[PDB]
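*Asks:* So the chains spell out like this:
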Amino acid sequence: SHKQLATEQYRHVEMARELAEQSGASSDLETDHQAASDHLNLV
Amino acid sequence: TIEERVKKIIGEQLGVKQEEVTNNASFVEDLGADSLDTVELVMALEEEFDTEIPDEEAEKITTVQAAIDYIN
Amino acid sequence: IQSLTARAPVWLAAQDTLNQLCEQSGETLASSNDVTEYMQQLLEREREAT
Amino acid sequence: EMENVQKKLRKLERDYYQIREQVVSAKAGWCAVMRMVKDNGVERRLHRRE
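Chains as they are written, first to last, in this note's numbering: chain A, -18 to 24; chain B, -10 to 61; chain C, 308 to 357; chain D, 23 to 72.
For the record, the hints were derived by calculation from the structure and aren't laboratory data.
Quick reminder that beta carbons are idealized off the backbone N, C-alpha and C, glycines included.
You may find that some hints are simply not true.
[What the hints assert, rightly or not] When the alpha-carbon atoms are kept at most 25 Å apart in a straight line, the in silico PhoX-like pairs for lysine-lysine are as follows: (1) D/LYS60 <-> B/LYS6; (2) D/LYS60 <-> B/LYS(-3); (3) A/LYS(-16) <-> B/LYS49; (4) B/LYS6 <-> D/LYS49; (5) B/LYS49 <-> B/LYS6; (6) B/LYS6 <-> B/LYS(-4); (7) B/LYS49 <-> D/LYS49; (8) D/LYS49 <-> D/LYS60; (9) D/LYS33 <-> B/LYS(-4); (10) B/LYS49 <-> B/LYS(-4); (11) D/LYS49 <-> B/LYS(-3); (12) A/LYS(-16) <-> D/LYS29; (13) A/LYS(-16) <-> D/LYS30; (14) D/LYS33 <-> A/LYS(-16); (15) B/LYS49 <-> B/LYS(-3).
[What the hints assert, rightly or not] Simulated restraints, written as ranges between beta carbons of each label pair: (16) B/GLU41 <-> A/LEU0: 30 to 36 Å; (17) A/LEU0 <-> D/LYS29: 22 to 28 Å; (18) A/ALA(-13) <-> B/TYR59: 19 to 25 Å; (19) D/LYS29 <-> C/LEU319: 25 to 31 Å; (20) D/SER47 <-> C/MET346: 41 to 47 Å; (21) B/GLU37 <-> C/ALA321: 42 to 48 Å; (22) A/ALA1 <-> D/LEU31: 26 to 32 Å; (23) B/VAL17 <-> A/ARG(-8): 37 to 43 Å; (24) D/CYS53 <-> B/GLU(-7): 15 to 21 Å; (25) A/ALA1 <-> D/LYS29: 24 to 30 Å; (26) B/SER24 <-> D/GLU43: 18 to 24 Å; (27) D/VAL59 <-> B/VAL17: 21 to 27 Å; (28) B/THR40 <-> A/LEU10: 48 to 54 Å.
If we strip away everything but chain A, and leave its shape as in the complex, we get:
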């Protein structure tokens, strides 16, 4: 169980990292879509 927990910790960290990147991407997309809503209202 000790070695299993070490391995599981490593994998868990990897998944957390890729989700952090997607969170940043989501904020960027929100910026772009705010601009998009403004454009719709302008048209």
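Starting from the structure of chain A, add chains B, C and D where the hints point.
*Replies:* Relative to chain A, chains B, C and D alone:
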């Protein structure tokens, strides 16, 4: 020196004295310690040094000298 | 393992009695036929000593 | 959850530590008894392997 630990513990675990053990011999058959006795010896060595030895490495102590080789 | 475990104690008791018996004698037994032939030698010694 | 299992590992480790002291201390006495018993008792009289 620090080896006095091993060369002491071995005897205390096998009934032989400090000088009885010979580096050329093997615990499994040349000291009379069977499977259970050798498990007890390796596990007592583990206890004394407050460390850990997995099964694979632990199985490589059949000879007298090995008890110090992994230690020092 | 269950079969062997059930069988073991009987075999061990039998072996202790056998070792005691043959050690009590000068000759060491190894088989049923061997025990029988030892019976016969014992009878011959009876009928000479008598 | 996995951090709490790690703390389980620590608790189990100290349990193992306790068991280990038990084992080594027991052997220390086994040594002495089997030293003294070699006055022919262990041969078959005390060692009732049945």
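*Asks:* Kindly indicate which numbered hints from before are broken by the structure, ordering the numbers from low to high.
*Replies:* Hints 9, 19 and 20 are the ones this structure does not satisfy, whereas the remaining hints hold.
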